[PDB]
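A.B. asks: Spelled out from the first residue to the last, the chains are:
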Amino acid sequence: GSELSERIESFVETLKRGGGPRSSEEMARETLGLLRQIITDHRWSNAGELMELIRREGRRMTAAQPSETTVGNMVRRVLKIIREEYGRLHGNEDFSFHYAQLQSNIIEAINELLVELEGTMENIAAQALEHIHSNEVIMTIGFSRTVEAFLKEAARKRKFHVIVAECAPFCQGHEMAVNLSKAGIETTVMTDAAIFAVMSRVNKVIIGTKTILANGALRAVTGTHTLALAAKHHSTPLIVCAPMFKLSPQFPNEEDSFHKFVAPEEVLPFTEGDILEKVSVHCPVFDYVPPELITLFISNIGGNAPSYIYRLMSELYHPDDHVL
Amino acid sequence: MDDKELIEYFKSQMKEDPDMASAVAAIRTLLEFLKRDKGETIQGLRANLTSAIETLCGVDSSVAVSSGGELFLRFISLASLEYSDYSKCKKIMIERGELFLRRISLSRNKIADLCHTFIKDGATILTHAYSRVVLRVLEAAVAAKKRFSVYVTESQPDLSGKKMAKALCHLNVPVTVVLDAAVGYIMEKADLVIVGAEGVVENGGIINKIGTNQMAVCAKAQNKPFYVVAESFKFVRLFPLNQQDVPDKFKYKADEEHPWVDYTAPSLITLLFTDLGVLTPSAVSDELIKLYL
Amino acid sequence: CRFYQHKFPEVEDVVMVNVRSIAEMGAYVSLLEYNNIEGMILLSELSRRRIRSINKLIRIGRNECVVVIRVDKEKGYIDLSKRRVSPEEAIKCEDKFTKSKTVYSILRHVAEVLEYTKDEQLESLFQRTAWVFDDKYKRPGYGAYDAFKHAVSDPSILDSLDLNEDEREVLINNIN
Amino acid sequence: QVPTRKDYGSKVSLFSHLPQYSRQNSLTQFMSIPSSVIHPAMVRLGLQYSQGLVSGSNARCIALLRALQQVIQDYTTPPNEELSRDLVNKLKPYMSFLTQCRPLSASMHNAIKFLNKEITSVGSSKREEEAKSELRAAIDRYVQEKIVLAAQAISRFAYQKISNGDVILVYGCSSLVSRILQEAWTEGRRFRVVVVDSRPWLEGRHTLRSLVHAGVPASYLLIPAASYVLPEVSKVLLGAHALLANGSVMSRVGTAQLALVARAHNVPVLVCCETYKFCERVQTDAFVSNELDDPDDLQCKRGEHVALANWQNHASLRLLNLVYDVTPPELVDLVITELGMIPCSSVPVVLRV
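Protein chains in written order, with UniProt numbering: chain E, 8 to 98, 119 to 351; chain B, 1 to 255, 268 to 305; chain S, 6 to 181; chain G, 166 to 518.
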């Protein structure tokens, strides 16, 4: 049915134009709902033809927005699901050994994955209380709804200061701090020009992240590199509160347009005037935190050093799917 | 095989084929010895393979030879051979061995095709000494239509830097020899450092040519990435802790002092390049426990 | 000497062993029945759980029985195996091992009681004893077994060893 | 219902969660003598935990397992109530009581986890006597493999590194390091030792005795003088009351400080532990979960007067003696376990099986 075609096309259009939906978990859930729709409304009987199909949409998607690693690695994971179920049932060539039984199993596995994907905020939130010992000064940055859920869960049984830098290109730290203080955390907004002066007085640095690569190194909302570099100069322990699907298996310099440059209007508004002729304004939104400044990923399975993250690739994505 | 035409088979395998690595040569010799053994007993052959490893490592004691010997020794026997006549089970031995040799042969091209996607063009690769792995990754980088400068050291004992410079300017890539002593100087203008590692100890560090450690620590100071290329017939179960603990059987490769290798910690290394993939240098240990099983 | 009557163990014959060293190819096991048969039992594919073997030395020292498969008396190597052995064979080998250990302890008491301080002396004594014992019925090492079984009437009808008198008293005092 | 041991003093500001217990008010005060609500082995164990009679991690685990063996021995069963779930149902209270007496360390966590997994996984199709005897044999197999054989494997791994002439350093009454040094000096390697000890529990004298009774040269010095001897020290061989899920070695309260001053003096720091202590949780800083002893044992008898003689009166003087302390995985150069001489950061990838 062409309904799948129009749905996929509307999806990739929304991805190119402007984030849809906004919440990263919501985008992963939407990607999975779409991918399930492909496994109920297309022509396939083999497994190899379905892997080619999934790659033929995943290439389009991961080339639409090179910084939407969520949908990319979600397609990678459904590919891994295909590999696993086809190999367990029939079994390196993929043959059309059998039929719809495989599809029922695939739909069931995708339903399980989607259920694990929708209840991850609550997992990390229940994992908070063990980490936020009372009277900390937890320095976040930006607005990452997982970190807000983490903190306003942990502050239901303890008390701690919460510095929050705001992202200076366009301030979202403000909304995070407002949502925090509506739960009474004694939070402290500030512009992130002062991450180094007000770091010596910080106990633990709790940052979200947009995407975890396969070095452990991540790609997180801008100015978080310098926050991590300070919080390693002051050897405070970072905490990358990222669920497990914000995990692409690329590698740091194996990606061009790593960042995501947005309309330089936000950095130097058009109202400025003539001097907008001889100035190259850069508005990088995402910055590349190397893996040796991070300390402890807080994923839905528990805490993990960065040196365990590579193993997660070997347990989530197939080694021949790192090119989608 | 009375260990005299065996060492000569090894030396002739070297002299005839000059480009091929040392460990793969030792494993080819050991597999040829597996075939021409004239003994139908398995435990009488495992001891034979050990004695053969010994008479090889006696002449060319590179860490590669012993690493590959143990890898061979272990990989020829995985499944339940269920020794019946020691002939069909030996056929399983031999087929697994030839498969292993296939993988050892294609590993180098795998390394190139997996790594040369990290030399962002207009950079300045700095390398230490001649090693066909870095040479092949640069060859299949400039074959992917890129351009970059390459500084090569000298490595004073055997100036393999000059040889690398020759065989690298042979490809219209701007090459430069630069005093190994000056590894601290030009380290200011090398956006990354590539060295081929002739040994991968358990923790992640590398046992490489003499000048590797100082380069690793300089490039860690000024925060230049230290990419190391080293493959699965070079994983060593060793585990030193200071440059004094690399066993003396390797440090001289012969029998005012100066060694021929040295250790480099798993903190000064940015990313290992193995045929198993690209590994955070803490992956060497899980991959070694795994590969070895 | 030897537990079974043979001077070297024979092909396709189950025995017991104590492991000595695990390694790459296989796990060495010392069959303490035919003069320390150092047989390197095969390592399987899924038996290669030595990856995460919790304290591998937990298996390095024990008593486990295996069946010989391929043997060669040029390097003295006796490859064993433990894959498709049935529990009836297992219990039979255990009973044979118990009887053989009893016979070996009796023979060692005879040796250390007969001034057989020289190793060749114990060799000849145990060989003569085991020959005259298990050759009268073509039974594998059942001399002391049948002796201790029929020891309610007469356990020393095979006492044609006209050398020592402490052997008979020791046999009749131990089997009683 | 078993009461709640009441705290003692005022926990420091950053410790509104870790309880501060004293030794004087043993919980036994509010329990019957023919111990009724719990089993007598459990109260005996909790009471020799409280008074601080069982110190090391391996020792705590061994004693706890003997206690559990006793409990199983005198276990019986309510009618039509399956033993499978019911044993855990009745073993959780004793665990909470032990937590009251002195919080379950990491070794006890692993041990009770193993035992509960074993209890839930034994089929209801067994007789009482047979299930009990099988459980006891399994616990004994545990003690033999995880903590007794592990010592031998670890000694055999470590002996291949202890060269001749190098002055290995230690810390605290760590059973495994004393065993290593005994078993590697009764082998031939002539070396020295330099024990480092730490008030208020001078738990360094234990390893000092257990070493000099075995002929080893030695030297003893308190922990703050560490930065003095490290010029000569040529290895370091700490302990581990846990290994968290990222390599950060939890220990006594001096191990991190030693690892740090050691790296600063550039000497290898090779903590050795057994595969069972490797826990599942992970903590980064030394405050999210610890233990606080009776602080009143800090007061040292100087001159003629204990300088902290009266301690509760000064409302602006609050005491603490942390018991546990986390060294980060960038200062560890080795974790010797039976599963190998694994390196620091790659403990979770390789020991989660």
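For the record, the hints were derived by calculation from the structure and aren't laboratory data.
Where is the CB? At the ideal position from N, CA and C, for every residue including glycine.
Fair warning: there could be bad hints in the mix.
[To be verified] Estimated spans, in silico, between C-beta atoms of each pair:
#, chain 1, residue 1, chain 2, residue 2, range
1, G, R209, S, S161, 54 to 60 Å
2, B, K38, G, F279, 26 to 32 Å
3, E, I328, G, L367, 27 to 33 Å
4, G, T264, S, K61, 32 to 38 Å
5, S, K61, E, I134, 42 to 48 Å
6, S, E99, B, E32, 42 to 48 Å
7, G, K291, B, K38, 53 to 59 Å
[To be verified] With a Cα cut of at most 30 Å, we get these calculated DSS-like pairs of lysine-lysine:
#, chain 1, residue 1, chain 2, residue 2
8, E, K305, B, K120
9, E, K287, B, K145
10, S, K141, S, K154
A.B. asks: Against this structure, judge whether each hint is valid.
C.D. replies: Hint by hint, here is what the structure shows:
Taking 54 to 60 Å as the suggested C-beta distance range, the pair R209(G) and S161(S) conforms, at roughly 58 Å. Hint check: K38(B) to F279(G), Cβ distance near 52 Å, so the stated range 26 to 32 Å is violated. For the pair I328(E) and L367(G), the beta carbons lie near 41 Å from each other, so the given range of 27 to 33 Å is not met. Under the hint 32 to 38 Å, the C-beta atoms of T264(G) and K61(S), about 34 Å apart, fit the expected range.
Take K61(S) and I134(E): their Cβ atoms lie about 44 Å apart, and the range 42 to 48 Å holds. The hint said 42 to 48 Å for the Cβ distance between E99(S) and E32(B), and at roughly 45 Å that hint holds. Taking the beta carbon of each, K291(G) and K38(B) are about 57 Å apart, inside 53 to 59 Å as hinted. For the suggested pair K305(E) and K120(B), the alpha carbons sit about 28 Å apart, so the restraint of at most 30 Å is met.
Taken as a hint, the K287(E) and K145(B) pair is honoured in the structure, with Cα atoms around 26 Å apart against an allowance of 30 Å. A threshold of 30 Å between alpha carbons decides the hint, and for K141(S) with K154(S) the separation of about 16 Å falls inside it, so the pair holds.
In summary, the numbered hints that this structure violates are 2 and 3.
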